[PDB]
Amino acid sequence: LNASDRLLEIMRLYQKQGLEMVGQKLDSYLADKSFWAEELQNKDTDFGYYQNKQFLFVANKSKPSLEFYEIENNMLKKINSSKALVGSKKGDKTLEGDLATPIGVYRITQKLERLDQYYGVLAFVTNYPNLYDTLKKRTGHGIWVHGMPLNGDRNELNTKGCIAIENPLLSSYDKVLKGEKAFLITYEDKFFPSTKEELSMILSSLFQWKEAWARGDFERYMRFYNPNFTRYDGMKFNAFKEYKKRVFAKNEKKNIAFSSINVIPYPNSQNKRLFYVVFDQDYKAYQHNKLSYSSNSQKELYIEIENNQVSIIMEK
């Protein structure tokens, strides 16, 4: 019914008004919650939305366990899962030396191999502290996913924060990964999944925010920002709002494109509905029809849904 009509509309528009208006039409779909609701409806969405192929570790601190997944077309393929050794401290990591495995969403940045035998066949390095941790002034470093001792020793019951699993299993995950980055979701006790409604609200808001930003609609853009907002460099809501008003008043032409978007539910002490959003951004600005600024960057947002409203709490 509407599939034939939607296609025809695009096809007519392409010939009558050109490819640019086709692009604008497709953008209006990406900004529509009901578009995402339809698009997400038969996807495996519990661990979030993943535009392209991605790999996901999921750690339950309490059990403790480590699961590993392939995600393609937002469909999950569980590779394996085992028991795991974790830090001895419950709740959050906040301080160097505090013995906690952090709770939240992290990134595996690299693989170390020339290690002490304690660490097993390899260590996958997480990015603790992540942006959220950093803006909350939490300290420490060197939280890794690694193996059991090559010594045979199997003395400890608890790590000092790292996550440890059996070495044959670990090497299998490495073989699947093939040097690609992976996400890590670490939670405590119970995991509350991202729903399709939440993802549809976040995704549709993301594209609305982008359109408001690009088109220069100041009041619409600012509405996405939580009054508690912190920018990656420490800037707070009022200074940010002030700076953006000035910038928007220039009315520069801007083309902004997002790609490889991921939206991942962010486990937290208070069970607020927090999400981590990460994507690549191609940003271009113009002055009197000439390119004045261009960048290609990795953007990060932390987003809250509260009282059924989406807001940005942190941005890089």
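Numbering follows the first chain given and starts at 1. Note that the rigid core is defined as the largest set of C-alphas that superpose within 1.5 Å between two forms. First, how it differs from the form deposited in another entry.
For the set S294, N308, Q298, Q17, a Cα shift of at least 2 angstroms between the two forms, after rigid core superposition, holds for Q17 and for no other residue.
Alternative state: the form deposited in another entry, after the form deposited in one PDB entry:
We keep it simple here and write out only the one chain, dropping partners and molecules.
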């Protein structure tokens, strides 16, 4: 079953039964692993799935090195790479002042340009501690990707956790970036890419979870949640399930849509198969066919694949 068959089937449905049945068919594709497997088959998927154009930094703490990529239609283009300086402590960053460069997936939130000359041309600010770090109660702050001292001093072999590279290369990255946000994937010894099978399982599950949510299927929705689940505000599984039971019993109608979806393999010290999933969510709920609630938000999930099953370990 291929893309041409699916297009023909969409149009046949549209001409014969109209628009509502088209939506139901499109939903069935989105919930279908094989549909994603086909879309992904010739794409560069090692660093994840990215719907829109994005920029990716990849840091190897061990070498140490930093690479920079552009990703468009899920095809990678390597811009450059170099050696880097990183923190002195091996493994996870878990505490303020532990001198460790964090392992995981981070976002570059801003550029700083009026800094001590030690930081070089600029500093890209990472969002350590990210949601995952925050729900694990890891402490610390101020992890940046920056340059080398402007005076030309080279008197350190390690930072206190920041990632530092040469200024000309750093400037060249900034010119490619043009003020766009970047992801940063940082790993330690060896990187374990997301496979096409894993991305296919996550994306199909993602849409199944959405539609179980929207239609108020409490049992199906709850099965996507890992027993260890933690919500962004600290709520754990039992209270979460209690609450959702009540909410779902109200049987309100909802429409939910996910866009700008990225799914990114998440390096971690236990080498669990973890992924960070981030997307825009359009959410609408109705009471007696009157719109009673709407929101547009940025959602974040952390998902594990274990025992060949997808589960949600954290959600904002």
